[PDB]
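For reference, the chains in residue letters:
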Amino acid sequence: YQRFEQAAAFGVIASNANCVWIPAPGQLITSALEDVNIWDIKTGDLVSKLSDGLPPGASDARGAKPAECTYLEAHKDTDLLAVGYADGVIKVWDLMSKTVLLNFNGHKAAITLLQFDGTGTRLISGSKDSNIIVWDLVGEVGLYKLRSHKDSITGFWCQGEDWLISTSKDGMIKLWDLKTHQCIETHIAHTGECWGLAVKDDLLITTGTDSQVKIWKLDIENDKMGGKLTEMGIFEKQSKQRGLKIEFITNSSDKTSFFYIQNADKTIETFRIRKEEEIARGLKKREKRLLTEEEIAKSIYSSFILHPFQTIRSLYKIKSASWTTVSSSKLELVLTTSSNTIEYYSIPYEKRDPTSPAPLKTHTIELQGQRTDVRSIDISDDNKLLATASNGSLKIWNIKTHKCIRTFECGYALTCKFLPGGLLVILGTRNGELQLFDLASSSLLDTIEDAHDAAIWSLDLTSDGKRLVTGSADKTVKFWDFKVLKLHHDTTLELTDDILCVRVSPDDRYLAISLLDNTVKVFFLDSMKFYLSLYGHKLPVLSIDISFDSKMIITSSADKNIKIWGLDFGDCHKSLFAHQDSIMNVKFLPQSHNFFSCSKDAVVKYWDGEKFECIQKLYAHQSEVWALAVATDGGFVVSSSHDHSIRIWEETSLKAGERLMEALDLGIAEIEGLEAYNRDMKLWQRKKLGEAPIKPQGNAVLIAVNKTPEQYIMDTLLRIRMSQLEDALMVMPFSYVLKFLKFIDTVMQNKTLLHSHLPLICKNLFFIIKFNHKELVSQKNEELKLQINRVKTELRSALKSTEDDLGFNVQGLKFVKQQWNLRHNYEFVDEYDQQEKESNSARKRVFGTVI
Amino acid sequence: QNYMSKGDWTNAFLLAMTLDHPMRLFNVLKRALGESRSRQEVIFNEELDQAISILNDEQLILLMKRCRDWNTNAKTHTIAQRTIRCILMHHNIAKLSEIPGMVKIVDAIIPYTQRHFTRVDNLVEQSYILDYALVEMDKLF
Amino acid sequence: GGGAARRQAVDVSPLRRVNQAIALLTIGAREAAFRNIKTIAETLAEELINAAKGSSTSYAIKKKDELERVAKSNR
Amino acid sequence: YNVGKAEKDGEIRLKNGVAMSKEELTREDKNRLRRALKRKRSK
Amino acid sequence: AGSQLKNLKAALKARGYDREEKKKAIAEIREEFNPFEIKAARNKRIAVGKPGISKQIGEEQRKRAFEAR
RNA sequence: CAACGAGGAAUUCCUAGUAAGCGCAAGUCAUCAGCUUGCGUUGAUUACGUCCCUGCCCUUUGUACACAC
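Protein chains in written order, with the authors' numbering: chain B2, 5 to 28, 38 to 303, 308 to 317, 321 to 504, 520 to 687, 745 to 943; chain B3, 670 to 709, 717 to 817; chain SG, 151 to 225; chain 5E, 496 to 538; chain RN, 2 to 17, 39 to 67, 79 to 102.
Hint data in this document are derived by calculation from the structure and do not stem from the laboratory.
Hints are supplied without guarantee of correctness; some may be wrong.
Said to hold, decoys possible - Below are the DSS-like pairs computed for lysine-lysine, each with C-alpha atoms no more than 25 Å apart in a straight line:
hint, chain 1, residue 1, chain 2, residue 2
1, RN, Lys-44, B2, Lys-646
2, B2, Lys-279, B2, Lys-381
3, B2, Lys-315, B2, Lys-288
4, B2, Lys-831, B2, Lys-872
5, 5E, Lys-503, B2, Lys-163
6, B3, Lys-699, 5E, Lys-500
7, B3, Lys-751, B2, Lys-892
8, 5E, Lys-500, 5E, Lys-538
9, 5E, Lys-535, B3, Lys-751
10, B2, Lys-652, RN, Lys-44
11, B3, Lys-815, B2, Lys-862
12, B2, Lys-111, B2, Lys-89
13, 5E, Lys-517, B3, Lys-741
14, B2, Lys-163, 5E, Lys-538
15, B2, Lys-609, RN, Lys-45
16, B3, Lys-751, 5E, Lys-510
17, 5E, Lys-525, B2, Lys-121
18, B3, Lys-780, 5E, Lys-510
19, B2, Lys-298, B2, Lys-230
20, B3, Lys-741, 5E, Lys-510
21, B3, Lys-675, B2, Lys-192
22, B3, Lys-780, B2, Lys-855
23, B2, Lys-250, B2, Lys-192
24, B2, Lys-404, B2, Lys-423
25, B2, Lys-747, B2, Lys-799
26, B3, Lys-780, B2, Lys-936
Claimed, not checked - Computed from the model, here is a short list of chain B2 residues facing chain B3 with C-beta under 10 Å:
hint, residue
27, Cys-196
28, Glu-198
29, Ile-201
30, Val-869
31, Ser-870
32, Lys-872
Positions of the beta carbon are idealized from the N, C-alpha and C atoms, including for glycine.
Work the whole structure out from these sequences, hints included.
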């Protein structure tokens, strides 16, 4: 088969991520969906779209959504870009050659921050699962995983090798000793979430849910447990929403610091922090009226040391920001907003006055976007493309360059079409208005106010183009002719129900209209004849398509399935269930019975109309695919979605016993090696110090598991099971029994792991010598005789030491119970009433017996 | 958490008792007991058993409930016996009896201590095969 | 080892030694009587005499010497 | 006396004897103890 | 060696809203894991017949012959 | 001037009145006589262990009441 693929994607400038700024104002790296694009603020031309080397839609593209980019981060000097995606992976690229250097999957959910540290070679990454991982770049390895937060890492701040400090989407800020990787000090920052973190070395600043911004003093050289990071006071903002990024600078040329808190909505609150001279010369002024009350006033600091500044607003909702500074009169701040647009503002400040009632944007890159989701896409014969938006941004892109060359202002526009000669656009809006535009001249040929009483929903030209059909939610369809280049309403068909799709056949034959009442009706255009009524879809029914032979129609709806109908008798053929949310649009190919359907769950799907298979399952969008349009000839198809994207699609095993034996042999070899080393040390310290042994290096596996040999043998002796322990001890020969006795003799000098394994040592040792008693008492060596005596003394001392406190506790606890009894048990002198009282007050337990 | 990491078992013990973290309490008592066997009237270190000596009624009733359900093992029973012993030798016996609830605990853990006394006494009994093997090894010449 | 062609020498219990002794003697008498002039009684007599004195002219103790020598080899 | 279940709700008390507190268990042991309780319910 | 059930579960994990792939896979595993409708001889130096299919064509042939007579 | 002197690679079955040898009868509504089923006579070798390999199965709270583990 001649399958499909993706040629190019565009329409996005700023997506659901952050932005990094690079100096030459300068350029900007930001996110498109799953690929990063670089822009020069000066002009705004797309100078780079760094993308994955595999086209989404190819043979090896995997069966899921692609990983949306979610955090840009840049190493300036050594020229790297660490970008991180929504599945958790981190790709590190060199910006010179634009290839992938490092892949750093690691995480389990989407990631929220990156940071290079010690400028090169180290990258720390925080994610929507609460881990935060340190990575080395010279080893390609996750070094450390700091794991104690609970919800989602909202920010952190590190210095090199000793201290990190993170704050997460619970209420908690944490300080991490990066030598031990244990959390040192934990506070509750804000009572809900904690969304911000910034610090200029003395003061730390955090923000939470609503306007309460908290100043902290971190004293890194502190020694107390609670008090490495203390809280110094709160203050307020003007926004009652989530401040979610704070960032600082030190402008030179005096020395000064500025920080911003961007908000959820539309607003960045900028702040100047002042200097120690005006701290000292402002302290007395609030210390006026002359001291317990004045000390309470001086303690209740934030408004003192912090100074608000020019509160920069924007038109849309703010997603990310970053700035640069010179002279303290060029706080030059780039800002990517949600409705895709970047904006380069710059506030001046004459070091006392900010010299403006409201700041000024110096650049704005917004030409290659829409600011809303494209509710309708269209195409020329083959050359141009039509994108229809809610703000009014009709845009005429071109296929061969992916640049909008022509754009207008219409309104809440949901459907549009071209006109068959090209260079002319019809469009209908969500109120009762229709509009006409062109390509060479300006916007409005004419608008028709009161084109319909209510929301228009779908229009269609005839194949010659002179006559178009508009169906609207005022329960009417209308017909319009082109009189000479103006619209002529002549007839109108009022239905009982809100018509929401129209279509004609591609040979002027049928008019199929989709009603809100779960059905479609097929009419004859030449008679308004009411040929057919196709029924049985069971929810209101979206896009129709008529085939090129005018024999076969498709019918999409919100029932998550498309139905194929034969138009000769109105008989159904398939009812194939696609698309688990809602099929928004469905379109045939030009010459074939193959078709495409794009749906509300971020997927387009390629089907055939003969076997009714799914030919292909294309997976490049991220959100609700609102429209798609096929070429008139040739058959390449464009699809446009809710993530502001427009994309083209073209054609192409030991056991117990022997484990204990090998553990015993290496353990006792290490043990008597160290004992020979100690005898060598005593002889070369008691004799002429001219020589000694060189070095016994400790065993590989013993230093690899970090265990003394007694502990190594002790845990493998633990790890054999009780059912095969009497076999594990019976398999081993008498030489291993003798070195087992050496092992027990050494282990009851370390009285820590003697007392934690007393019954195990007793059981194993007594079975060993009880089984090997005949040979043991025939061995003739005073070393083993002294060994047995030493083991006997230390073992029996440990056992009598534990049963001493056992017997003590028995007699003490029964004394306690008995003195409680003789204090207040009861008063019976008569033995029969006494025994009946004790029988009524006894402990009962009921048992299931068999008779 | 910082005390349990860096060592320091007495203030770790009283924080585990205040927070009522029972597995951490067993760990701080087991670690302090093991290092008490290591180093060298007093059974824990002196600061920790003074910290046991100065806790009040509801704290020692939850401590003895912890000792009660640790004593049902034959493994975790030594820690329970050392804690019961230091409570017994650092508190007042009339106070311990007249605390409301301290008979439904000590009657629960008298028979378990008797079971362990029987088991460890039989271990001492069958520990004399070493003595028999030594008298044979000395008869060998 | 899954079929790694390596042999390991084992000892052999006395019931297996008596079993394999009677087997070696009798089938040696059969093949020694296979198509010669002698019968099974005379070949078995020669076999039992030579095996009694241990002459290394018998099938049976030549087979024993081969089995013991292979065990000595890949001991 | 035999070790039943805990008389609190932030506590988990196994019949071994080892009482664990839910505030002191990490999330790995929380998932592991939940699956183990699911096994002991399912049998 | 290993069970026909274990090999059948392995074949289902091997083969894994298309329809004809499932028609092909189901027909393939049916005519593979049905060994009693072929006949296999033993090569002295192997599917040698299809008994049920030969039987049904031999009896449908004489069935239509009998109805014709 | 054809075959053949105990039958290759592989493969199947088998543990005591068993494998195998031996004959004698019957012919029981299905099946069988190109044989089938009985009946006695003679009667062993080697395992009777093990989960190492190949597989198949079971359990993974001890519950059922002490003691013990």
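Next pair to validate is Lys-831 (chain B2) with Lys-872 (chain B2); report whether the Cα-Cα distance is within 25 Å.
Status holds; Cα separation ~16 Å.
Does the structure keep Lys-747 (chain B2) and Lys-799 (chain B2) at a Cα separation of 25 Å or less?
Holds. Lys-747 (chain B2) to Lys-799 (chain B2) sits at ~22 Å (cutoff 25 Å).
Closest C-beta approach of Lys-872 (chain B2) to chain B3 relative to 10 Å, hint status:
6 Å, holds
Interface hint status, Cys-196 (chain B2) versus chain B3 (Cβ within 10 Å):
Interface hint status for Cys-196 (chain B2): holds (7 Å vs cutoff 10 Å).
Measure nothing beyond the straight line between the CA atoms of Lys-652 (chain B2) and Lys-44 (chain RN); if it is 25 Å or shorter, mark the hint as holding.
Distance of about 17 Å is within 25 Å: holds.
Given the hint that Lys-699 (chain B3) pairs with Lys-500 (chain 5E), does the C-alpha gap stay at or below 25 Å?
It holds: about 23 Å lies between the C-alpha atoms, which stays within 25 Å.
Holds or violated: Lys-517 (chain 5E) with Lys-741 (chain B3), Cα cutoff 25 Å?
18 Å, holds
Hinted pair, alpha-carbon criterion (25 Å max): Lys-503 (chain 5E), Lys-163 (chain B2). Please report holds or violated.
24 Å, holds
Holds or violated: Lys-741 (chain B3) with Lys-510 (chain 5E), Cα cutoff 25 Å?
14 Å, holds
Are the Cα atoms of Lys-279 (chain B2) and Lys-381 (chain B2) separated by 25 Å or less?
Holds, because 14 Å separates the two Cα atoms, which is no more than 25 Å.
If you draw a straight line from the CA of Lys-250 (chain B2) to the CA of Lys-192 (chain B2), is it 25 Å or shorter?
38 Å, violated
Evaluation of the interface hint that places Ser-870 (chain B2) against chain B3, nearest CB under 10 Å:
7 Å, holds
In summary, the structure is inconsistent with hints 14, 22, 23 and 29 from the numbered list given earlier, while agreeing with the others.
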